[PDB]
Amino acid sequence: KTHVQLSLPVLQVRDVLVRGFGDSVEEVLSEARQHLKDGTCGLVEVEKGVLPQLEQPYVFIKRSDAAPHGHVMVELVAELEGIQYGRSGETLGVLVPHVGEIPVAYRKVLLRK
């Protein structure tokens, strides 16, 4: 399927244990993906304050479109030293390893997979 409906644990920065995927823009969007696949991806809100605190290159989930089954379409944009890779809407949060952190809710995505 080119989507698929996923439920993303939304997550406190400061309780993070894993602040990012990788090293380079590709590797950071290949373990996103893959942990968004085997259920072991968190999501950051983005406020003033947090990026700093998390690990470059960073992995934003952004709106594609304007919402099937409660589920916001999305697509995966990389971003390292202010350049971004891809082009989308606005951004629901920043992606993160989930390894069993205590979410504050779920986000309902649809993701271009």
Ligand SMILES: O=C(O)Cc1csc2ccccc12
Second form
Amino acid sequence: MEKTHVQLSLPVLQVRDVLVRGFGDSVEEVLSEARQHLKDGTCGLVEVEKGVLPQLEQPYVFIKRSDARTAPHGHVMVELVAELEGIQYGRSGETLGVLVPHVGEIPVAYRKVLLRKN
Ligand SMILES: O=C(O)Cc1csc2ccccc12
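Could the form deposited with this ligand bound be shown next, to go alongside the form solved without this ligand?
What follows is the entire complex, opening with the chain shown before.
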């Protein structure tokens, strides 16, 4: 069945290339859709710098580090946290980036993660 964590290599996208700038319209929807796109191989990652979040659509889905002691098989352990109007749904570690749908944009790198599914 579904293991608790899955190894994934996520394409890193530049913010100005992203065509679909979020996963939906509520905290529960964006987390659900993020998880579905991760399962389908159609999720990208944008690294957060000044100017990035105002160019994307709320609610946001972040991947954040879930454990800063080890990174098994060269993949950092992460979990999902959503944000709407400055309030976060989950508490976790440092942000690795914001997740968005991937619809064919050309990435600039890949980020290896070990994702906690739920
Ligand atoms: O391990 C799998 O084949 C399933 C899977 C890959 S990414 C993700 C995200 C949420 C729920 C399930 C999954």
